[PDB]
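We begin with a single chain expressed as structure tokens, specifically the form solved without this ligand.
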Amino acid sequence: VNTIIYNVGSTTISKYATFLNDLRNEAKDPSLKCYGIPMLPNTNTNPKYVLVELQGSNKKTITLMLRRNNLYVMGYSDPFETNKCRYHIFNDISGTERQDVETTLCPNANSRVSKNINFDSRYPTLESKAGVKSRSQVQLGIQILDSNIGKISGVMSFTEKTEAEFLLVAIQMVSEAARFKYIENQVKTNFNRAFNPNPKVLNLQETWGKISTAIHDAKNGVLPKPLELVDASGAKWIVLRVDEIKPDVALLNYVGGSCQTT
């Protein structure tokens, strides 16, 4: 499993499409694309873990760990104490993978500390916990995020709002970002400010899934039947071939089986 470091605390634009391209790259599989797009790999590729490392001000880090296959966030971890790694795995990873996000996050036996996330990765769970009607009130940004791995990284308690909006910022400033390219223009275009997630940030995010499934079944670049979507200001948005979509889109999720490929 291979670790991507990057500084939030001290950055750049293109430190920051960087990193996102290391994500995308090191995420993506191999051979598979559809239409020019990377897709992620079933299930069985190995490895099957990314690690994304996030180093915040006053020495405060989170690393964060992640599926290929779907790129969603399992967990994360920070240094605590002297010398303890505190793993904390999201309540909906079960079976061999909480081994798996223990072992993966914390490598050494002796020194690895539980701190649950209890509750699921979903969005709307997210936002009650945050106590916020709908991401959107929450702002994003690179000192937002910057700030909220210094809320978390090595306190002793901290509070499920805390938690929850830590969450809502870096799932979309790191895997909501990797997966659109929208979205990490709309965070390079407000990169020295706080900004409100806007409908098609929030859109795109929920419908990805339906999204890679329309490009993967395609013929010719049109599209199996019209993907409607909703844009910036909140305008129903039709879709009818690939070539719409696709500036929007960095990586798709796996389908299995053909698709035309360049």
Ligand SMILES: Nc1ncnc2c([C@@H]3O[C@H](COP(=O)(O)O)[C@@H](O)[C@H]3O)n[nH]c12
The other form holds:
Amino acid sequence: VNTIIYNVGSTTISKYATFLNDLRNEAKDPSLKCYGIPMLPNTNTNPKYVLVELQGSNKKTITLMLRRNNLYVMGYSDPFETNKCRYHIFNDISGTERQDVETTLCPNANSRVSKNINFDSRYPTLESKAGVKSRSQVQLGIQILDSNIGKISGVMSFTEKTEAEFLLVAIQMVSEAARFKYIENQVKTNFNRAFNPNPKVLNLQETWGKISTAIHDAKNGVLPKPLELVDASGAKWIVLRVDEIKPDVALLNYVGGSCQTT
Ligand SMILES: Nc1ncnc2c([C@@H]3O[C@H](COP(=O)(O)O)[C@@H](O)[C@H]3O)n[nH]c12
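Take the protein just shown as the form solved without this ligand and give its structure as the form solved in complex with this ligand.
Everything in the complex follows now, all chains and molecules, and the chain you saw is the first one.
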């Protein structure tokens, strides 16, 4: 399980693009690709996990745990008290998986502590503890990622609204930007300011499974039945071929079976 280091506290757009290109390479299966887009592995490929160590201002850090299969954030760890590792598992992680998060985030038994995330990883839940109607009313941005790390890292009590806020910014800026070349670009275009997520980024997020299925199953470049999507303005967008959607997508979700490789 490799860990990819990224310093939030001091960056430029080349460094962000190198980080995501490093997470992508690390997460993708080495050989599975459909129409030139790399595919995430089968649950069986070892390693099953990737770790992302986010380094913020002030020697505040959080390590993000991600499953290679679907790039999901299973929980996080922060350095706590002098020599302790405090792991935080999402409420919807269960079975062997929970022991894995413990073990991989804080590899040293005798120095680890629990503080669970008492809610699940889905966006409607996260919005709810954030106390917002939609993620779009909470801004994203590098400075914001940094300060959020700062509100959580090593602090004794922090409240569910602070924790859901951190998680909404982190999942969108690490897992989503890696899946979609479009969201990576939205971050680069706004690199020195906060931005609010447009409709196309929220749409792409929620339709990533269906996109993966669709490109996998597309015959001779043409999709099985046209994909209705939303563009950055709000308008309905209809795609019929893999060339239409392929510029925005950097990683396909696992869908078993053969597909046109390249
Ligand atoms: N902890 C997490 N890590 C990564 N992605 C997600 C998501 C995203 O939410 C999207 C849709 O989930 P639903 O179809 O159940 O609403 C997917 O893009 C998924 O990746 N929710 N929580 C996440």
